Amino acid sequence: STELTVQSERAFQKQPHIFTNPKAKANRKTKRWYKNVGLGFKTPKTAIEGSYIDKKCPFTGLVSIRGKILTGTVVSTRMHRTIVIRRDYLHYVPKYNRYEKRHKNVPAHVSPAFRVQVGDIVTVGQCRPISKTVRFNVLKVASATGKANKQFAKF
Amino acid sequence: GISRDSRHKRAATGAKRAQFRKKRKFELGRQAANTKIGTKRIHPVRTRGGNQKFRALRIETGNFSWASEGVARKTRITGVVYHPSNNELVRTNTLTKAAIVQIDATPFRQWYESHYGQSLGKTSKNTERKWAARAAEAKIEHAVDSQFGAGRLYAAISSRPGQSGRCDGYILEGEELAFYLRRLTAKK
Amino acid sequence: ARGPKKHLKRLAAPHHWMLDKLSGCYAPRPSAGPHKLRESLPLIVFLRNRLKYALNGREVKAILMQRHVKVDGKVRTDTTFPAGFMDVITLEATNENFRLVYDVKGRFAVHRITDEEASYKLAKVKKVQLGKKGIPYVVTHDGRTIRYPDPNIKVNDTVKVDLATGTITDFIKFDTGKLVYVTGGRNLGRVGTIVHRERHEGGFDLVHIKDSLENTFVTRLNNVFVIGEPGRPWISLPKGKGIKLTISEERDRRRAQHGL
RNA sequence: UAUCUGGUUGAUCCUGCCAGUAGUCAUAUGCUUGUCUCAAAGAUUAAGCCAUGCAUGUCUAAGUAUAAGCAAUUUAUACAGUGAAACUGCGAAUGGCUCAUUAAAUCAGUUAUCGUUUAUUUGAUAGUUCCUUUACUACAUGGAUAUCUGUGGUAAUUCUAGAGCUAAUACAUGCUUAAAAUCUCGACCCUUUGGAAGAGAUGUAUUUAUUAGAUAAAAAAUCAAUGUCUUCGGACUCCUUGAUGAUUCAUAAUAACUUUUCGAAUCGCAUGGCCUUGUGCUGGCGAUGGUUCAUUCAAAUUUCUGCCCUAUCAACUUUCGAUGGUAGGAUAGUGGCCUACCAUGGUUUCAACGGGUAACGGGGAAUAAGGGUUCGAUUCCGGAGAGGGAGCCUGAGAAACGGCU
RNA sequence: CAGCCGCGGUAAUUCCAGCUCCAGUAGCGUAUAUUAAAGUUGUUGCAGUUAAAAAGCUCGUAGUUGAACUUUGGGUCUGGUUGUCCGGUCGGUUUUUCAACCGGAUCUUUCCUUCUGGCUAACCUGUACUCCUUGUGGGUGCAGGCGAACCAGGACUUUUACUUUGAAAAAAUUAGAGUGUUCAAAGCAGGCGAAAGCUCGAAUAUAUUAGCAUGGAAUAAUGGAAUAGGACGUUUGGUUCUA
RNA sequence: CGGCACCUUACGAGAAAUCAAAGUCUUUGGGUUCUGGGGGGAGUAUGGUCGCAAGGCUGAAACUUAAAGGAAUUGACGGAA
RNA sequence: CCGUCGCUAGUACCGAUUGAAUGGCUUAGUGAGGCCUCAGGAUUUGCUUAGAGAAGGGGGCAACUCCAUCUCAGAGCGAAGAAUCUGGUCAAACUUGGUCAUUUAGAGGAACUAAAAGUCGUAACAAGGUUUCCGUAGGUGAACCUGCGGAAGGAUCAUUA
Ligand SMILES: [Mg+2]
Ligand SMILES: [Mg+2]
Ligand SMILES: [Mg+2]
Ligand SMILES: [Mg+2]
Ligand SMILES: [Mg+2]
Ligand SMILES: [Mg+2]
Ligand SMILES: [Mg+2]
Ligand SMILES: [Mg+2]
Ligand SMILES: [Mg+2]
Ligand SMILES: [Mg+2]
Ligand SMILES: [Mg+2]
Ligand SMILES: [Mg+2]
Ligand SMILES: [Mg+2]
Ligand SMILES: [Mg+2]
Ligand SMILES: [Mg+2]
Ligand SMILES: [Mg+2]
Ligand SMILES: [Mg+2]
Ligand SMILES: [Mg+2]
Ligand SMILES: [Mg+2]
Ligand SMILES: [Mg+2]
Ligand SMILES: [Mg+2]
Ligand SMILES: [Mg+2]
Ligand SMILES: [Mg+2]
Ligand SMILES: [Mg+2]
Ligand SMILES: [Mg+2]
Ligand SMILES: [Mg+2]
Ligand SMILES: [Mg+2]
Ligand SMILES: [Mg+2]
Ligand SMILES: [Mg+2]
Ligand SMILES: [Mg+2]
Ligand SMILES: [Mg+2]
Ligand SMILES: [Mg+2]
Ligand SMILES: [Mg+2]
Ligand SMILES: [Mg+2]
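Chains as they are written, first to last, in PDB author numbering: chain L, 2 to 156; chain I, 2 to 123, 136 to 201; chain E, 2 to 261.
All clues stand as given, with none of them false.
DSS-like cross-link-like pairs, simulated, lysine-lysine; straight-line CA separation at most 30 angstroms:
(1) E/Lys-174 <-> E/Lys-155
(2) I/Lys-54 <-> L/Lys-133
(3) L/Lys-36 <-> E/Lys-128
(4) I/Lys-200 <-> L/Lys-30
(5) I/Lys-152 <-> L/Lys-30
(6) L/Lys-30 <-> L/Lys-15
(7) I/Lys-37 <-> L/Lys-15
(8) L/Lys-15 <-> L/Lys-36
(9) I/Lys-10 <-> L/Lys-69
(10) L/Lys-133 <-> I/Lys-10
(11) I/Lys-201 <-> L/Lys-15
Please keep in mind that the hints were generated in silico from the structure rather than gathered at the bench.
Just need the whole structure built from these sequences, with the hints factored in.
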């Protein structure tokens, strides 16, 4: 959601302490620094190839993945650069010896590496507090398509 | 008094979080410094763990740095030229981190005259050789040259002077510099 | 609350003191030292409840003042100095040299060690970093920081410290099939060989460890301490030797061995 | 240590409740009450109000001691024995109490700080302060302030105004101790293979820059820059690099700034070693300070999941931060924590939001077939509070109340 | 008086006194709570034709649930673990004649995740063939090479729930072992010498909510190749690389 | 094969009338929604909400009381036969 | 056995008083006190060679064979530094309103419950002497009546052709 403009604030944004040397003459110009996050998560090429900055990106920024690694389907993609994961689960109650279907949401930051839509299953790593509620950061959109290419029925 | 509590701030949903405990010192946040440019003044403040934390007040001067050459100097500031958070800091002229400023530049020029010694704006026999060996390395990006000529180099200050006390920053080069210039133009 | 807490209540006192539930309100808070509060042992608890060389706190204090006690070479005068695992307590009157080593049940056993062995201290490796002026230094989970360690002394290894000088005699590399001693929870005090090391990215490296009886158990890496190579431990271990018998077995041992 | 009895009836079997019965580190009370051990005990109402007294201060061989004190006598012709007082230090932020608030808050386990401060702790550790280099602070730098002693005010208060001296690990200043290597400057010669006499700068913190901090394998053609050894065909060979799951990490260099931190003009014992025979240069056992890195004691936050009743609370949040962004500001640091500008989000019948609690949370307690139900002010762990609400000093640590406004 | 049932209206065994007598006993009553009893709050575990209780009826989102079907069966060895067969033995121990029971490897049209390499332990070997009872009893021994004997790095995992053992769930409490507080309620003590010194202890188990770890693959869901844009690979071209 | 319907035994049930479902329930678990918890006070008070109203849906407590009910049995009785 | 109307107690309900009280939020206006901040400068002093009287004011008439020299008029240059003070900020509280909760006076109203013997009826129970109910309207002194539709817990499981 949103994206595209690159350098488009009142300020103008670079990867901090990282340098695009004007004396030196490379083809890339912008020396794209990137992070390997680990835990058996690949750096998506969208992150390394592209252009966007983000402090709050875990691959092109200063946020570091650590602690818990959740997953979950995405409910809302409406806000800018963050997603609302919805982490369904069961709560036991011993008096009856059955379960509930319980809710909890997780507002997590999404790096423009990934395209995230509504109803996409998303793996998400814990990190620094990014904002008020955003303490989580998306690392792997599992449902890349989810029947996107194969929508039409006719032969 | 001025606190950094997430106790207050209703909630993620909206429910009014009741005043659980009287706010603590470890949660505190002090009054803003908002350093101008008008006589050199500093006041420290005894922080957590003791640890003094110099608050710039009306700070003149600071070492603004080149990238291409790899240098900085005992250089004066002129004025707050463009601050990208808020324009109220340009009327009042309150120097801050990542505010764009104009640099006295004379010191820089002097340094250059030692370093390369070719002059910007427009002896001894073995030192000639040295000079020859140096120079024609950095051609400089036009705007910078103009600034030098003027006596007013475009920088962005990147030391946080309300925390650090020092007002040390960065001579603007390349794309970012260009953007800043554009912004300035738009403003004026 | 409002800063650092200064007391330790006798129930809240860690169980491997083996203190009386009764007999005073508090227990001795082991002061800031080279060992963690709960994984430590203050010099009161040692000289009163275990050895019984002092009938009371005052007596202990007096003894300390007299300065026959030496925990790890240096002298000590603080009642509540946390002498922890591997620390060598030498009482110069008596010549009763001790090393603080755990019993199979968990509590600190009074190991009456010889004078020649009570001289070095075996100690783990917590970190390997470089300090100022580019000098590599090792840190021990048992207190010390030693500058300039043999480049192949990595994390969770063990190090024989000369103690008198405070240097490095030798080290053991942590690896498969090298005698190991346990310092955490349900397996605390046992001794074994090392079979696996479940790697696990972030969430605690486990270690499958078998003992002399071929009884397997698992602990976290931080709760394990490399004591030697199988057969030759670098320290004299107490009677039992980190076996830890079953309850029934223990009972049998008790009621077979009736020698009046 | 699974148990039921009386009661509608004219009599009967049910629904059904009442009543009994048993227990309660569950309160009260009524009688009574010889002994042994054990012992809660102004929570419940009024987190109502409080006379009086006490509950935090404290010196060692080792901070200062000409008390015009004690005590005194066989180290003081600057000092040396004890020591009131006071300044310096540290402590008073622990402990104790209480449960008013407080319902995803606290709290429980569980993670994380690659997101930070941390007196104390034990481990560590600083030749570079100099600034042109033919005559300059060292075997010890300065003036204060308190005790006292004196001149007092006041109706009073752990009230303190003036003089006279007088100290300090007070509090200010401030000395030594280079060689090398690397980076910026430099009298010319001799037509190249070009190559150097010699001058300045370089600790640690501080700041943004900037570089290194490598690493999935073997073999080339030659175009521009063009180096070493030439045994003048040409060869080029042995070419650096920690940790993590993971970094812009550790860390080390280049560049500067800096109202230039720090860099022992410190106290008790002991009184050694060479004579260039000066009282020369030298050297022991300790105390305290002081730098970032450890550690320990901790500290704020922070991940996940879990709370009692209510729909006679269905919308709430968003003018006055709601959700997110960007940037700043602030903070020890993360962060709408705050500011500016923009976007319109965010939560909700899987009960949001609101209301109630005679709700501090948990460990636990009572009951006790199994499942349960009720209670948890209260000996332990957390959290809050010191009549209420606010604000702040000092300090490593307080938004302290046996501190202040 | 009587919790309730009820007793009292000139014969009170129920009121008020004596004696007897019962119950409990240094305690016993009363009051309110509360737990049990209450299957009178019900998940286990209630009722609804008439006792209280089925919405007048149908529709219907959430919720709650939801038919059956994909790897079954047989062999071949091989570890245990108690009953047996004698105590083979100085009331205890080691095998066989036997057993059921729980595993493990395999082979069955069968892969258990797959490789880029490290160690290939081993002989599938056979290079000299023999230390040697007439021998396939036995090993100094290294070019092709069985890899499970372990790592250390890829590649990418259908994802759960469920259950397994484990690691963590502070002490006190609770359960609970030991032990002469004189007994116990307790407590963490104690115990034995020459009684010159020596010496046992201060256990174990619970807590199941959530997270971590591992084995299991029944049950329940989930997923995949039907414009095959699918799978592989001796493809053969290519295209974008990256280096 | 389908909806608007008798007799016996019930071993199944049920307090019993009765029930072939009101069965397969202390040998307690096919899947779901809804409702009830002594009687009265009371379908009231109040608030909501729905209505033109009448009323509807929703829905208390205080207080009170030892019975209120159900089913049947024998009676007694009935301007029932 | 059911209602109305009486008597005696108690519970709650409504309810004018422009009611009263406590607390929680809260508009507007004020705004204590500290913190930073703009200044402000009581006082304290160092270093300047800034001229002394000083009786060797540095080792014998003399810029003392002039000494941190005798020491104040200097004045310059600092360092620390109070009241006082300009703007912020946190914000107690107050003033006057507004609002939600919980309490609590409260004339009167209109209820319900208890109690053994009050009054006018006889509604229901027997086909209870018009069979009961239910819904609903309308009426009445009270049960209640009576429309309409429904039910049998009906006073009928029955009329064949
Ligand atoms: Mg510090
Ligand atoms: Mg970690
Ligand atoms: Mg029961
Ligand atoms: Mg009846
Ligand atoms: Mg009767
Ligand atoms: Mg009862
Ligand atoms: Mg009280
Ligand atoms: Mg406390
Ligand atoms: Mg770099
Ligand atoms: Mg760094
Ligand atoms: Mg920020
Ligand atoms: Mg409670
Ligand atoms: Mg409360
Ligand atoms: Mg409690
Ligand atoms: Mg209370
Ligand atoms: Mg407490
Ligand atoms: Mg009080
Ligand atoms: Mg306070
Ligand atoms: Mg007090
Ligand atoms: Mg206190
Ligand atoms: Mg009688
Ligand atoms: Mg009950
Ligand atoms: Mg019932
Ligand atoms: Mg009914
Ligand atoms: Mg009905
Ligand atoms: Mg109806
Ligand atoms: Mg099925
Ligand atoms: Mg017990
Ligand atoms: Mg009722
Ligand atoms: Mg003000
Ligand atoms: Mg008739
Ligand atoms: Mg009648
Ligand atoms: Mg009639
Ligand atoms: Mg009429």
